[PDB]
Amino acid sequence: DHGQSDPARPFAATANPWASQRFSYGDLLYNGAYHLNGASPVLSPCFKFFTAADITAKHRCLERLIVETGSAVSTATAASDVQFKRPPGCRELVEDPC
Amino acid sequence: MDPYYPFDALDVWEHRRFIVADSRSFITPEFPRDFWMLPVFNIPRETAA
Amino acid sequence: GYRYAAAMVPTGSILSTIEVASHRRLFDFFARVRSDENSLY
Amino acid sequence: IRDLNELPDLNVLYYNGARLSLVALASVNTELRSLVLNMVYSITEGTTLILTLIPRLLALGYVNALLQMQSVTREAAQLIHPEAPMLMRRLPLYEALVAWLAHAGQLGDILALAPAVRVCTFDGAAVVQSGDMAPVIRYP
Amino acid sequence: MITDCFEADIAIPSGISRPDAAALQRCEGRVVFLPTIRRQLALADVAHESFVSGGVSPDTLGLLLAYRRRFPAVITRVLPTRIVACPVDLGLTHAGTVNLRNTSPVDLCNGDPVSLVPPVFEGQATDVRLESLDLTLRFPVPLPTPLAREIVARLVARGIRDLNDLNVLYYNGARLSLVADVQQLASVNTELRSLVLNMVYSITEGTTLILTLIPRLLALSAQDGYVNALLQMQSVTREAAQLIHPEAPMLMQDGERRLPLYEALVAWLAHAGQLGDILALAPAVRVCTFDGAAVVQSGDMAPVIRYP
Amino acid sequence: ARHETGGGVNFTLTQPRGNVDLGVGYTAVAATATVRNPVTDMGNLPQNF
Amino acid sequence: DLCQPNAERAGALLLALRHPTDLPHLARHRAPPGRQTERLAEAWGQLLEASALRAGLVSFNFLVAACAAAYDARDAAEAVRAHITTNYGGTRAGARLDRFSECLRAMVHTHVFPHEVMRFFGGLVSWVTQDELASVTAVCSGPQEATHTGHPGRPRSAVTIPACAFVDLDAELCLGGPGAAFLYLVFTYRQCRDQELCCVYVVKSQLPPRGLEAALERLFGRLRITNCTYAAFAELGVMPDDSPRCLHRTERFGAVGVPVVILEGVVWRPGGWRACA
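Protein chains in written order, with PDB author numbering: chain A, 1228 to 1325; chain B, 1 to 49; chain C, 10 to 50; chain D, 160 to 164, 172 to 190, 195 to 230, 235 to 262, 267 to 318; chain E, 1 to 164, 175 to 318; chain F, 1081 to 1129; chain G, 118 to 170, 181 to 354, 417 to 466.
Bound-form chain A, shown alone:
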C-alpha cells in the first residue's frame, strides 16, 4: 500500500517505486511466486525480502518468533562450490536476524 506511510520511515511511502510496489520491476524478478529464476541452482539472496507468501504466512507471536530465529534453517549451503540454494534433503540450523 503506497497510499500509506512506511512503518519504518513514515514520512515517505517508499524508498523506491521500482521495487516496493506490487508488480514493480523488482517483484517481477524476485518474487518466488512468479518463479522466474527457479531453474538456476545459484542462491538468490533477496528471495526472502520480496516473496509475499512467506511473510504473510509467519505468525505474529513474539514469544515464539524469537525461539525459532535461533534455530532458523538457512537457505544456502556450506558445501557449495559457488553458493547454492539448499538441496531439499539437507538442513543447517543457522540463526537469522533477517
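It is worth saying that the hints were derived from the structure and are not from the lab. We put the CB at the ideal spot given by N, CA and C, even for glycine. Among the clues, some could well be false.
One side only, chain G facing chain A, incomplete, derived with CB under 10 Å [unchecked claim]:
1. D118
2. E159
3. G162
4. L165
5. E166
6. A169
7. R181
8. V255
9. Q257
10. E259
11. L260
The hints should help you fit chains B, C, D, E, F and G onto chain A, whose structure is shown.
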C-alpha cells in the same frame, strides 16, 4: 448407392467403466425399409396465382 | 472396542446356545473370529 | 546393420542423467557381426514367408475380414510398398516355416537376457555406484 | 513351507485293485496338470475324462492348448491314500530340487531347459489306464526345448497343408518320426490366427530398410562359409532376391530424430522372438544334476532347478 | 533387529524415548561469544539470470 | 513431495520411480513422427516448479486420483481426490495432481510410457519422517501380516486398495472354483490426438500369467480398436489360500471415507513388465 468408406469393419472389446475417447453411433428403425416410404410433398390443389 | 482382559474373569455364563449371526441386528458391537486373529493380542 | 550397406546419433545413451559412450570400435564390429548376420537373416526369411502366405490364402472365413481391416494402411499398404520393388514348379513354402520357427525361437532365448539377480538393499544407499558392492538376493 | 513348497494333494478313490495300485507307484516322477491350485483334488479332475471337451476328444495339437490353460505339477510321492504333487508355477521345493523322469527316447544334457510335450511319437502313446477306476492318464513327455520348438513347428505346418514328408526329425543322429494324425480344423485355426497376428506386428517401417540388404546377403553367402552354412538349402530369401530387386524410400518422415532400425529390432523381438512360446508352452524347468554326469539318460530321474 | 547383508549379519539397536520440557517460560539461553572463519569469501560475484 | 507415508496408513502399495532427467531426452527418440517431443520436457518442468511450492517415490493412493478422470463409476474416483488435497504434506497437492496427471498424459503422448518408469516397491510396514523427507521401510519379498511393524503393540498390517482400481476376474466369468489367487498390476493406454487417458488397475485372478493377455483382449479390446501397445501388466503377489478372502469397507483417510477393498494374507512376489504391440 453404397456410401464410400476407407475401412470395412473391426472387432474390438470395450469395458464399461474404462471407456476412454468416447464416440457415438447411428440409428436405423426396426421395421423393414419397405415400410419406410419415399418422401412426398403434395403440391396444393391451386396456386396463389 | 471390546475389552478382552475383562473376559478372563467373567461375571456369569450364557446357558443358551444359538447361532448368533442371525440376531446380529441386536448388538452394538459384534465380531466373528474363525480361529484366532492377530488383533486379540 | 548400418555398416553393412551409420547414423548421426545412436552412439549416445542416457541413463540416470549420465552419458554412455558405445564408441569408446573396429574390433567390436567384427566381434558382434555374427549376431548381425542372424538378425538380418531372421527378419528377411521372416518377412518373406508373410509376403508369400497372405496372398496365398486370404482364408474365406472371419480371418479374412479381421486381417485386412487390421492391416488397413498397416500391412496391406506395406505389402504393396514392398511388392512395388518386388513381385508375387513348386516352391517349398511349408517346409521353411519349420526352419524359420526353429531359428526364430532360438534367438528369443539368447536375446531375452533373463535377470538372475535382484537388489534389495537394506541399511544402505539406494544407488550403488561403480566399483562399489551391492547386496544381492534372488529368492524370497 | 507354505511359501516354500505347496503340496497339492490329489486324492485316490477307494476301490482300487492292487495291480492298479502298483501302477501308480510306478508313476513317481511324472507330470500332472492341475486346473486350480487347490490343496484337495481327485484323480477324476486330473485324468483324461476331465480333459475331454464337450462331446469331442481333442487331438494332439489341441492337447497343447489345454495344457497351457492349466498348472503343471510334478508328482513327488505316491502315498497309499493320496498323491502329493508340487506345482511348478509357484515354486518347486525348499531346496528347489525335484526329480522328474525322462519318458522320452531322448536324453538330456545339463543346463537344458525342459519343455514338456504330449505323447507325439510313434510307439510311444503310453497311457496308464486304471480299469478299477475307469481312468486313463496321459502323462506328457519331457524334452530338450529345441526338440519341443521343432515338434510344435511340425504340427502347425502340417495343419496348413490341410487348408488346400514333414513328419521326420533328427536329433543327435537319432532318426525319430512323430505320429501322423488327423487334426481338428477348429484347433488349427487358433494356431493359424496366432501366426498372422504375431508376424504382422513384427513388421515396422524400418524393415524395408533391411529388405534392401538382401542382395548384400547373397553377395555375402558366396564368400563366407559361415553365411553359406546359415541361409539354407531350403531358404526363401535366396529365391526372393533373384526375382526381386528391392529399394528403399530415400528419405524418411523425421528420420533424424528417431531411429528407424532400432525400433524394428525391438518390435521384432516382442512378436517374433516371443513366438515359440506363444504356440507351445514355456520351459519352466531345467536340469542341473549335481555330481553324476553331464547327461541323464532316458528312463532315469533327473534333478530340476527352477528356471525363467 | 537382525537383517543380514553382504554375507555379514547386521544388528541394529534402538532405544525409544520421550522428552517433555517441563519448564514454563524460557528455561535456557544460548549466547554467541566469538566468531571463527567467516565461511563465504565476501566477494563480488554478479548474478546471471 | 509426491508421496506421503504420513497420511497413508501401514499396508499400502508403493511404487518407485526412475531418475527424472532422462525423460526430456528419451522423448525425442521414441516418439513416432508427428508428435510433440518437447511436451514431456515442459510438463515435468512444471512439476518441479509445483512440488517446490532424485529418484523419489509415489505411493499408490496418490496415483489413483491422477487417473481418476478415466474411471467409470467416478463417485469413488472423486473420493480418492477428496482426501489428497486436504491431508498430504505439501501446499496444493491437487495442483500437483493436475500437473502429475498432466505429466502422465505427457508420458503416453511422447511415447515414453509410464509402465517403463514405475517400479514396485514393498508394502508399508513403517516410515520415519523429518523435514522434507522420510525413511520409508517396506517388504520387498515375503508375507504381509507378521512383519515387525516397529510398534509391538500393533504388530499387524493389512493391505488396503481403493475400489476404483480393484478388478476381479472370478465373478465376471462365473469362475466360482476355489484355489490360490494371484495379484497383477495392469495399465491401460489410450493413444489419440490430445484425448489420452490413464488408468491404474490391480487385478486379482486365478489365471496363469501366460493365460492373462487373452483376458486383456476381452475387457480391454475396446481401447485396442482406438489404438500398438494397449496394455502393460506386471505380477504383484499371491494369495495362498484355497479360498481367497476379500473385504469391502470404507476407511477414514483423515476425515474422508473412501470405499476400500481389503485384501487378506498377501505374500509378495514381484515380477517384470510386458508389452503387447
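Would the hint on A169 (chain G) be counted as holding, given a Cβ-Cβ threshold of 10 Å to chain A?
holds, 7 Å
Hold the hint about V255 (chain G) up to the distance rule: shortest CB distance to chain A must be less than 10 Å.
violated, 14 Å
Restraint check, 10 Å cut-off on beta carbons, for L165 (chain G) near chain A
holds, 8 Å
Checking hints one by one. Is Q257 (chain G) an interface residue toward chain A, by the C-beta closer than 10 Å rule?
Given a least distance of 8 Å, the restraint on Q257 (chain G) holds.
Cut-off 10 Å, beta-carbon criterion: hint that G162 (chain G) touches chain A
Given a least distance of 8 Å, the restraint on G162 (chain G) holds.
Hint status (Cβ of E159 (chain G) to nearest Cβ of chain A, threshold 10 Å):
Status violated, d = 12 Å.
Given a cut of 10 Å on the nearest C-beta pair, is the interface hint for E259 (chain G) held or broken against chain A?
The hint holds - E259 (chain G) has a Cβ within 10 Å of chain A, the shortest such distance being about 5 Å.
Report holds or violated for the interface hint on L260 (chain G), using the least CB-CB distance to chain A and a cut-off of 10 Å.
holds, 6 Å
Taking 10 Å as the limit, does the beta-carbon of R181 (chain G) come near enough to a beta-carbon in chain A?
holds, 8 Å
With a cut-off of 10 Å, does the beta carbon of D118 (chain G) approach a beta carbon of chain A closely enough for the hint to hold?
holds, 8 Å
With chain A as the partner, please determine if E166 (chain G) meets the hint condition of a C-beta pair closer than 10 Å.
Status holds, d = 5 Å.
Checked against the numbered hints given earlier, the structure breaks hints 2, 8 and satisfies all the rest.
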